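S.K.: Residues per chain are reported as follows:
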Amino acid sequence: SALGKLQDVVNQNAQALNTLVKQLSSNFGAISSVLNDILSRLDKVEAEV
Amino acid sequence: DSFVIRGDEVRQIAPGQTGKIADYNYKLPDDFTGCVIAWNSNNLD
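Sequence lines, in order, name chains X and R.
Under UniProt numbering, the first residue of the first sequence carries the number 943, and numbering increases by one thereafter.
Under UniProt numbering, the first residue of the second sequence carries the number 398, and numbering increases by one thereafter.
All clues given are correct.
Taking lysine-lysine and the DSSO-like style, the derived pairs with C-alpha atoms no more than 30 Å apart in a straight line are:
{"id": "1", "chain 1": "X", "residue 1": "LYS964", "chain 2": "X", "residue 2": "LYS947"}
{"id": "2", "chain 1": "R", "residue 1": "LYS424", "chain 2": "X", "residue 2": "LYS986"}
{"id": "3", "chain 1": "X", "residue 1": "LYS986", "chain 2": "R", "residue 2": "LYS417"}
{"id": "4", "chain 1": "X", "residue 1": "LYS964", "chain 2": "X", "residue 2": "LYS986"}
FYI, nobody ran anything at the bench for these hints, they're computed from the structure.
Hey, can you work out the whole structure from these sequences and the hints?
M.R.: Shown next, in the form of structure tokens:
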């Protein structure tokens with residue numbers, strides 16, 4: 943519990959990076975979050991949207 | 398650019414499409430600037 947300040951900094955860095963990576967799995971309204979699905983399920987005009 | 402096609406194919410005359418006319422015959426680029434004009438010349442037959 944003494945090193946709470948440094949462990950909090952390490953935890954915030956790991957939490958920020960894991961949040962940034964987990965956001966690759968999000969759709970944001972898209973048909974899939976896997977970019978290769980979009981490029982294979984749709985024609986190029988709809989895929990670009 | 399001018400030609401005759403069957404009426405069902407006219408939907409392929411647009412940028413970024415796919416199908417026999419758009420793939421093997423007349424392809425418009427994805428950033429095409431222009432107008433596509435068509436009419437059924439059915440009285441020609």
